[PDB]
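Consider the single chain below, provided in structure tokens and representing the form solved without the named molecule.
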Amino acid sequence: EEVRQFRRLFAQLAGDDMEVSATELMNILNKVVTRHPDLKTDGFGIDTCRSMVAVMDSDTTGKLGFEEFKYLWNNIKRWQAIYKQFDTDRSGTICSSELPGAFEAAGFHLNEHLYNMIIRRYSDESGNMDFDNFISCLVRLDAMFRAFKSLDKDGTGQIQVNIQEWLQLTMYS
């Protein structure tokens, strides 16, 4: 039943070219946030959505196919539940003191230095991160751990990255 329902959701979202564009993704995510008054956001904007699609577009078609979209969408569902669970003051936002528990719950165990860098790059002047910023961050963070793992074939925790690979991974993002 869930497999059939998800297939229908994808079919209706993707439309006539059978892939999910940045605009299509933006529009469905903004529909989600309308339904959840407990998620504070200024909206998912197009630039943020083009970045999400690029970092998830493993076959470089420009758009998200069934499996690419499935991976992203199920992550967003999980991360949404986490954001609500770790917003322990109901601000509708994740503050700097809430952030480590939320990221750790999502399987990302970072250190103070890296949390500080995340807050600086993604959170506002008060140290608060809203829903679109949080989802944009996690999608990227997950992709960057996955890219590292794919290059660390010998399991040493060091990767060698050539210039071409570097430009692909940073620019198509």
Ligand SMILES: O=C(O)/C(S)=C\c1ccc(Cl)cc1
Second form
There are 2 protein chains.
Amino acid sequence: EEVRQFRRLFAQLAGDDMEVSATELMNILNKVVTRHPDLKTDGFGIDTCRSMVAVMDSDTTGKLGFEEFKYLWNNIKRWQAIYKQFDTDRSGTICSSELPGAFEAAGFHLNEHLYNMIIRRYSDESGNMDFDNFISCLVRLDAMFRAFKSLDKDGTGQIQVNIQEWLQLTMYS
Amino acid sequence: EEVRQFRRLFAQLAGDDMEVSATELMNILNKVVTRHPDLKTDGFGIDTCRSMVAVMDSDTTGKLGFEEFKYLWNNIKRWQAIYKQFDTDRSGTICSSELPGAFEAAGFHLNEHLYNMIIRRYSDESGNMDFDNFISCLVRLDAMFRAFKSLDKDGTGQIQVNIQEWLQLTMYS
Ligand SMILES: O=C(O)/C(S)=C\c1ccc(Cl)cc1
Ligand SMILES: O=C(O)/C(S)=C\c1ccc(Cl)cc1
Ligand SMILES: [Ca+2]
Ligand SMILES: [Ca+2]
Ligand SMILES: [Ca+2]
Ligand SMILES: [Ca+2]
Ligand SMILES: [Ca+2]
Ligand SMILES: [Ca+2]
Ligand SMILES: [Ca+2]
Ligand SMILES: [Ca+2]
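I would like to compare: after the form solved without the named molecule, may I see the structure of the form solved in complex with the named molecule?
And the full complex, kicking off with our chain again.
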């Protein structure tokens, strides 16, 4: 009864409006990381969770319905496993050297330039990335892959994006 | 002596590497808003300030040099004055009703669907937006418009990108 127990997880987490808000997501995540001492974090901030919710909120209800949440949560579960696997010095954080292997293992094969860009945006002055920043980066990276894929109808490797779609994809995220 | 003084602030804030990090930006932003009770805020969070740095970091030092900082700073001061001006309610926050005047006065004219996304992503359940969310929203919007315009010089309203570029545009940010 796994999908049962997951259905229970969602229902109790979503509460009275049956959708998962930025705050409810923030709270469950902080609650869960608390039990994983191998994962260092300063915590999931509200801003970060609003951004994770918008980027998963396919129907734009402001909040995460069952499928949108299930997709997010199944990814976080695989990604968490990967972070542990690739923290091979047990700093509880992913440094620049560990990051490629980790992201590849989640199925994003980026080049050097991009790996650097990501380190610049999401890692600290030491080149170290803690767990909330890794999850947040990955959720967005995956959404941006998926959004490109949707727009490349013809499979040319190029998308045309109008300003309305651009603003929608960049501001609601 | 507006120039002298602004160069002196910059120097003292930027410290020994002569650039403003996300953390230095965070601290001066929270220091400043304290002396402005009318700008209601739960504080500028480090996440929000890394995003602010990233979107303004044109030379990709990972940090804001003098010009990059001055440019961000001057927008913040302008938008800050717009925030009070359009908080005609004087609640210290911007509600869904005051929002479009504020954005119109920052020169952004957006359709209703975009407004709804932005209210959803930046405002609380009362439809109120506080100062750090506001500034964070506009620094992002302004950047996203400058990104797109930069790539669509002759106002076709469309850009064409491959995945590398799209990831640069949407993840560095
Ligand atoms: O947290 C859980 O209850 C489950 S079943 C998997 C899991 C482990 C770690 C994180 Cl951060 C999220 C989910
Ligand atoms: O910070 C300043 O020196 C001035 S003049 C205006 C101002 C007020 C609030 C913020 Cl957050 C930034 C600038
Ligand atoms: Ca709920
Ligand atoms: Ca939704
Ligand atoms: Ca490590
Ligand atoms: Ca963090
Ligand atoms: Ca500095
Ligand atoms: Ca810079
Ligand atoms: Ca108001
Ligand atoms: Ca806020």
